[PDB]
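S.K.: The residues making up each chain are set out below.
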Amino acid sequence: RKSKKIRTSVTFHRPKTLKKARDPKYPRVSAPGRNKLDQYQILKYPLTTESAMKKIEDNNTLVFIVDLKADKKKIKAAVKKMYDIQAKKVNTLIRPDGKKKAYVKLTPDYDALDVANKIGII
Amino acid sequence: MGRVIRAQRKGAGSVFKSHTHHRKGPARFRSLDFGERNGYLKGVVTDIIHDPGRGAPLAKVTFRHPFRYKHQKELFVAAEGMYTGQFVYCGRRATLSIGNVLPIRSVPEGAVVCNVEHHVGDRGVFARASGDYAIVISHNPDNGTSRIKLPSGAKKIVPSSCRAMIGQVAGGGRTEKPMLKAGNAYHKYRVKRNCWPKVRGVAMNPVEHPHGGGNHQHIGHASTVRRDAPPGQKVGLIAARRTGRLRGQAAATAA
Amino acid sequence: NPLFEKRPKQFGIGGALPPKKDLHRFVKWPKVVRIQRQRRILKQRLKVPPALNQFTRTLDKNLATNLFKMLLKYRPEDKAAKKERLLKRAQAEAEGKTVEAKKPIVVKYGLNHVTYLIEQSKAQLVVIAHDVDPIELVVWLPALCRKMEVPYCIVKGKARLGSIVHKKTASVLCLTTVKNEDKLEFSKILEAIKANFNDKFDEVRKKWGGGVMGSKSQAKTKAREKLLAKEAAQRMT
Amino acid sequence: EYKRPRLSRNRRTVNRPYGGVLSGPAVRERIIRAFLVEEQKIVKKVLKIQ
RNA sequence: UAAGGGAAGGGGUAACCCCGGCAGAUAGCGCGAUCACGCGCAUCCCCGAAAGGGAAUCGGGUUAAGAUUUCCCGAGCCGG
RNA sequence: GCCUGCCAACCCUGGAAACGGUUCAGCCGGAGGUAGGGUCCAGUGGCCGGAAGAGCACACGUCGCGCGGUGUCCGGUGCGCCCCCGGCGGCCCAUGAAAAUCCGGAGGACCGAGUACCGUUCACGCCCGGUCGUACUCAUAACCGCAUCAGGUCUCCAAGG
RNA sequence: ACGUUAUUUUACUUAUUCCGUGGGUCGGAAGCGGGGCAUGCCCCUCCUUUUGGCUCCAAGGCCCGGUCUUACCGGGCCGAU
Numbered sequence: 031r032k033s034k035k036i037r038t039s040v041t042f043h044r045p046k047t048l049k050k051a052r053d054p055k056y057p058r059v060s061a062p063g064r065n066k067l068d069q070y071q072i073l074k075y076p077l078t079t080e081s082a083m084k085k086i087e088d089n090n091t092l093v094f095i096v097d098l099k100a101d102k103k104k105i106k107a108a109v110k111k112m113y114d115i116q117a118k119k120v121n122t123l124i125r126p127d128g129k130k131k132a133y134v135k136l137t138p139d140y141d142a143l144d145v146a147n148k149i150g151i152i
Numbered sequence: 001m002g003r004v005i006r007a008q009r010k011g012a013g014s015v016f017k018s019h020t021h022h023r024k025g026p027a028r029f030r031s032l033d034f035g036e037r038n039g040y041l042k043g044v045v046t047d048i049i050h051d052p053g054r055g056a057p058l059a060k061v062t063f064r065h066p067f068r069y070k071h072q073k074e075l076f077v078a079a080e081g082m083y084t085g086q087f088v089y090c091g092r093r094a095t096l097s098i099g100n101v102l103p104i105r106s107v108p109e110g111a112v113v114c115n116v117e118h119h120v121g122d123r124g125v126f127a128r129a130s131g132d133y134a135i136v137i138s139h140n141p142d143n144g145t146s147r148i149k150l151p152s153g154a155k156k157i158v159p160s161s162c163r164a165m166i167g168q169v170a171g172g173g174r175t176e177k178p179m180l181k182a183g184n185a186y187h188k189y190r191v192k193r194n195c196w197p198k199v200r201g202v203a204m205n206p207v208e209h210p211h212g213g214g215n216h217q218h219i220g221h222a223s224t225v226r227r228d229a230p231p232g233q234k235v236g237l238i239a240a241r242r243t244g245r246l247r248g249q250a251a252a253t254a255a
Numbered sequence: 022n023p024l025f026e027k028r029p030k031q032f033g034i035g036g037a038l039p040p041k042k043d044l045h046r047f048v049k050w051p052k053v054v055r056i057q058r059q060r061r062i063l064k065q066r067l068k069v070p071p072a073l074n075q076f077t078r079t080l081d082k083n084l085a086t087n088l089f090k091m092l093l094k095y096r097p098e099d100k101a102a103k104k105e106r107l108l109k110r111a112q113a114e115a116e117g118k119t120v121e122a123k124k125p126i127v128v129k130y131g132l133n134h135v136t137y138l139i140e141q142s143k144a145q146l147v148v149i150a151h152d153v154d155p156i157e158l159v160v161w162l163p164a165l166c167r168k169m170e171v172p173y174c175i176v177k178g179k180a181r182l183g184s185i186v187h188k189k190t191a192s193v194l195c196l197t198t199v200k201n202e203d204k205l206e207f208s209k210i211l212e213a214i215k216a217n218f219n220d221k222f223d224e225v226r227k228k229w230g231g232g233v234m235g236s237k238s239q240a241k242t243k244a245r246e247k248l249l250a251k252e253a254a255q256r257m258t
Numbered sequence: 061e062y063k064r065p066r067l068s069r070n071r072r073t074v075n076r077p078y079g080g081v082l083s084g085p086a087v088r089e090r091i092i093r094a095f096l097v098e099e100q101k102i103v104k105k106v107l108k109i110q
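As they're listed, the protein sequences go chains CX, CA, CG and Cg.
Every number in the entry's author numbering is 30 more than the matching position in the first sequence, counting from 1.
The letter at position 253 of the second sequence is residue 253 when you use the entry's author numbering, and the numbering goes up by one with no holes.
Every number in the entry's author numbering is 21 more than the matching position in the third sequence, counting from 1.
Every number in the entry's author numbering is 60 more than the matching position in the fourth sequence, counting from 1.
These are calculated hints, taken from the structure and not from any lab test.
One thing to keep in mind: the hints can contain errors.
Below, in silico cross-link-like pairs of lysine to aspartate or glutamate (DMTMM-like), each with a Cα-Cα straight-line distance of 20 Å or less [what the hints assert, rightly or not]:
| # | chain 1 | residue 1 | chain 2 | residue 2 |
| --- | --- | --- | --- | --- |
| 1 | CX | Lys-129 | CX | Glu-87 |
| 2 | CA | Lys-155 | CA | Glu-176 |
| 3 | CX | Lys-111 | CX | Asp-144 |
| 4 | CX | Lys-49 | CG | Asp-43 |
| 5 | CG | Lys-179 | CG | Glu-252 |
| 6 | CG | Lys-27 | Cg | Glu-98 |
| 7 | CG | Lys-49 | CA | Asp-33 |
| 8 | CG | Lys-179 | CG | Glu-157 |
| 9 | CX | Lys-35 | CG | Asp-99 |
| 10 | CX | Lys-46 | CA | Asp-33 |
| 11 | Cg | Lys-105 | CA | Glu-36 |
| 12 | CG | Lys-94 | CG | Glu-224 |
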């Protein structure tokens, strides 16, 4: 493509400036090793305490103890998969245990009390 | 022997260094394209900005013209009588008015200048401290050499291509009238690179300083030490031609 | 004019970007460009030994090109060509039962090979590259040929010789033998070197270094002109 | 507050040229300068050539 | 982002380690741009004040407690 | 939301001597004042929206983990106190940062249509907003001095005589 | 004669050295102005120039134009030696 005169002429009307050129890259074909699906269950169990119990009634919210690599996005998806409910917020607390306590605010359209019964929590 | 003395501490380190960053910017002179018969590089004084780093002003001259590779802007050294909105001309064929900078050859003999270049493009070497000025002593039709009598009084051979600015530098008289406080002295030295109080060599311990020690106050030995003397040794009045109070003069070369 | 209003305008200089100018001669170089340009210039500046600067006095373009036309016949094999030949020979000798091919005639090439041929006096003519990055390597080649009284020629372009062999640097290639048909025009080539060096060994710089420097040439003209004017005016009046 | 927000287009500007930039009596000073230079320039040019 | 610190470069120092950038300057980052191609540019690039500087919230209620902050009503406000 | 600020600043009128207004530095007006009429910065207050559906004080009720009702308003004063915010003035051989963040204007290429195309820095409507800390003490007892040590240890609120 | 060899002085651009930059408009010639010199035939052996001038604006799209391949589309060259 490039007929050498063109590059020379561009620099000719310039006082230096910078550079510019480009060149390609290629991915291999040999299949880098290790195929895996090591995956933790973010929801472990609904955490059960006196302070958990009151909140279910009061504010439509189950309280779980969850992994130490928790966020809000993954856990909301997980709650939807496993208990068929929409979660409106997830709230994150470090514990002196060294794991993360999750307060998960649930939908009013299917009440946390009647979610609770099949994965009982006090 | 002794612990190391205070001069050697310059070295590097923030503690001995000044706040050079606070200082307001470059003092540089924009390197002429060519030409300059009145206003081919036209500057406009828009401010005269104080420089804390020498406590005397540099005129803010703003060159603004475009292209892309155009190089412009910033602080040429202030001269007397300059005003805002007056145009500044920088280059070879520039008109002879105060505050304009041009090669020394085109400036006539006997003419007061401020700034000179000690080889082209080093931007200002001779006379920059306030109320001082060089006066260009000789030229003739000499391609090689312009001779300038400096504020030191020395007559210097320097190339005729070297730029100088017409006028004397501004802020004169600065040093002449007395501080009349220790506290006024402190503030000036704080802003520049100097540590303020001078402890005398006598007042220091014999370990720290050669002149220290002794029951009564005195410098123990002759103050004058050799120029050839090495670092550490070299103290007092170094290589003094004479001492005691009479009848010297300025630097007086002859040709 | 209905088409446009202002037919002339001055951009150019005193406003607008100027004519492009010679920025091929100015611009910030990479390091490699800096060193390569200097090397030829410095050849002049330092005194150049007797073995060198016999070089640079190279064979003519017309002579060089017709030399290559002879070599068109003799060209050495490619990687593919050699491999191909083995298959042809193997088939012919085994199945046909035919006696071996005619003796091959080609240029012989490579430093150690060719230099041995000069010693034995097998090589009729050797063609020597002007270039080659270790200059120590190639000073020996005309020197040895001259000593043994075997004719040689120095042609520009190490790459140009190399193209014929279909490789990289040949450095030298030579003809130990030539066909009877090529023999007549081969005589012209032998004459060619002793038609630019039918001379005794010019051992270039006596002490001389320099070659003329652009600034110095201008300075010299001015100095000469002033002197000439003065001298002429004394005689005249 | 002063960037892409509850505010409408007008509140960032004055309609005149150099609306936010120059004061208005300052703007006219540069219109005067623009006028003076162009008229003077033709007079200068014809004088020099002759 | 600052004072300042510190990879990257060149160079000493075996080396640890230290200055600190260089041929990121016709080595590529950035924008149109979906279309593959063109156009533009440095002193880079991160950390550095949980005090500098700053995208955006209030009220009431509650428990063992700070609540603009937890909770909740009602009303917003900012960014995508 | 509607309305509203004087200093500073600006517009228009007008043409001033018996010259004026005016600062803690002489500064407004002689490149147009004093004076008359406007305009702007919107700290702030007002009234309305928020928002009483709240909260506060009462009465009554146990009708209880709580029931029904009211009233909750209108002025005044300044060398007060604290803090803020405004525009000034003193200081200096001292003249008192930078960036993210970021709009503006100048620039006018390019793209502009009608039964649609262009605005989409506007209003209204729809969805979403991740990561980590939040206990509480903060000291004559939760900190540091072996320590429930008369010590020390950064900051905000600051009643009445 | 070929230089050879040794002291010092002195000079050039290539080592090295210093400094200038988001390496800019360098140098040499000639275009075009025009002057001074004996200004004579221009006057070379020279000196100023070579698109910008009061006038807190502004100089960005290598530009409009001219010109050529090229139906328009679109590309050169020149404008700006």
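S.K.: Which numbered conditions among the earlier hints are violated in the structure presented, ordered from lowest to highest?
M.R.: The structure breaks hints 1, 2, 5, 9 and 12; every other hint is satisfied.
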